[PDB]
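Engineer: The task is simple: from the sequences and hints, build the whole structure.
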Amino acid sequence: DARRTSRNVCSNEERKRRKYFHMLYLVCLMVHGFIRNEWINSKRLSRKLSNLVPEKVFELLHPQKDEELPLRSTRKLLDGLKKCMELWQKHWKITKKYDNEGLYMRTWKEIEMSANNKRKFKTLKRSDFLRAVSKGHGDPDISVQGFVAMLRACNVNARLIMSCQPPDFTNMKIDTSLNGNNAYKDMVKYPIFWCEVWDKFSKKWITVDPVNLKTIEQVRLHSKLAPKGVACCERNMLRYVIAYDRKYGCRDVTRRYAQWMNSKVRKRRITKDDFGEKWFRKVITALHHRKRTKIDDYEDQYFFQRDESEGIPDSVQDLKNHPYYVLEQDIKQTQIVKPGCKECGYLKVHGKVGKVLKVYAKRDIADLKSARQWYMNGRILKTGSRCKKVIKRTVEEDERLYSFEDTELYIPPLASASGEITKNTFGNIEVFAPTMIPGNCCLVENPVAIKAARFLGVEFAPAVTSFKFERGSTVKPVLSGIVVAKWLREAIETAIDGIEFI
Amino acid sequence: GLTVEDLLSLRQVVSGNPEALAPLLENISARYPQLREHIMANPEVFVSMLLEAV
DNA sequence: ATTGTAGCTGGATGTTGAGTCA
DNA sequence: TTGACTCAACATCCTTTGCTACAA
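Protein chains in written order, with the UniProt record's numbering: chain A, 123 to 517, 526 to 632; chain B, 256 to 309.
Source of the hints: derived by calculation from the structure; they are not laboratory data.
One thing to keep in mind: the hints can contain errors.
Said to hold, decoys possible - Stretch by stretch, here's where chain A covers chain B in the computed footprint (C-beta under 8 Å, at least three residues):
#	stretch
1	274 to 280
2	294 to 306
Said to hold, decoys possible - Among chain B residues calculated to face chain A with C-beta under 7 Å, some are:
#	residue
3	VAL269
4	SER270
5	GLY271
6	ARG291
Stated by the list, open to error - Sample of chain A residues with no beta-carbon within 10 Å of chain B, all distances over it, derived:
#	residue
7	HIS154
8	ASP221
9	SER236
10	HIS259
11	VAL341
12	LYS386
13	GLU450
14	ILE453
15	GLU623
Backbone N, C-alpha and C define an ideal beta-carbon position, used for all residues, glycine too.
Structural biologist: Here it is as structure tokens:
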């Protein structure tokens, strides 16, 4: 339909496939970085590149410790780095254009169509890579990788830095067309790979792009490598900047390069929700093959301060799903401000003179649940608990809401000697939490666990673990299994095992 | 759980030819419906597997 | 024949892209 | 060139133990 295309959105089926594909693609990219990082460490290659660096220059890379002014040492470090940048330009005698978008972000349309057609699979093996680096023949990616390899062969702590460009799963457009004008020149305006070098004297990582921008910098708030401008970011959405080291580390070094990690960039990572958070953490863990150093501490201290200094964003949409902040206006009806708390900042509303909105820190916001809601977490209200908020709700009903500290942990009574469970009015035990299981019984979840118990004629209770909503209307409870006294568990598990005989 | 044939390519493409990821992933994921759920819950497995025989 | 069964959630809130305007 | 709007069509979250009519 034409209206389907007017509003340029896609199906929920697509949303999920894009989200998954994003993840899949991301993993492969990251694994590519990890393997490439290995290749860099190549000993045959190392001893070759080492020769490209004069004694003088080598000495500048390891300057003597300066007591009175450690800054003078940083200076000497930077100097060696600069000279290294220069002789590398000299060494790299041929740069090629990228063949087709290199490792820059592809659009969905590009990917859908890519499968459809064949291409010339110019195979690259580990040896090829080494031979390329030593002759100085290759595209800008190989170039910096070789440069890293050189620095490591001078025993400098040089990282490979890769900004992974999987496709944007936040892009829900059905039409994902791009501007053809100056498309190449704008894509290569910022690199995908670069280098970081550790300054022991100042205890910060130095950022080195010897190939693309040809600069060395000491990132504080701004980085010359974070792509800027709508045009450029069409193929360079910065969101996963990964750092690989000599000792087969792997750190998410994005924080350094993202001015707005928390508002702008979070929205664009698979990490926006809690599932993705853990998922990503797993991928990192799988690539991090070393124990933690004091350097890791220094970098975390830097990142910690970078989060502190980002502060409240300039725009409303950026304070939409923020990890630390909420707009007064976005405080959910089921929430109140913790006693004796104000906003922690304000937001000048772009478009209206003197229009300003109160901003609260998320940590000063308390979540309230109703009597029932709490019970669905095995929690009941304390004796002398007054509620915090009241809401009108239809099934119009004043439902009272309570804070966590008004609640008490629900402990259910023990089962009798015979294992008799005390049950509700429907003849079951409600079990919504491990807490709701009686402390001398067990929950046995199995389609046939009920049948089994009945067969053994032994004392039990069916478990209402959740509710199913449906049909023309109304609700029906999900009986997922049994609660029985612990000493009957193996008897039950046996019966269950041989149900076909019952 | 993949064929030895595809896993050869996947490893070759990932390490030396990531410019050719797009269609190979497209292809493989269409031929391995299970993979979807595998990646979602066991990424470290797929990772270590890709680094195995590397 | 008086039982066995087929057929009758959803509303409040959140997210996405287009388009417009100051 | 900027974001704060409003629009409109979805999606996702919170709900949290049946009821009537009719064929057999």
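Engineer: Look at each hint and say if it fits the structure.
Structural biologist: Hints versus structure:
| no. | hint | in the structure |
| --- | --- | --- |
| 1 | 274 to 280 | holds (count 6) |
| 2 | 294 to 306 | holds (count 9) |
| 3 | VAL269 | holds (5 Å) |
| 4 | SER270 | holds (4 Å) |
| 5 | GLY271 | holds (4 Å) |
| 6 | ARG291 | holds (6 Å) |
| 7 | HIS154 | violated (4 Å) |
| 8 | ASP221 | violated (7 Å) |
| 9 | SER236 | violated (4 Å) |
| 10 | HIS259 | holds (15 Å) |
| 11 | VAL341 | holds (26 Å) |
| 12 | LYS386 | holds (25 Å) |
| 13 | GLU450 | holds (37 Å) |
| 14 | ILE453 | holds (33 Å) |
| 15 | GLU623 | holds (26 Å) |
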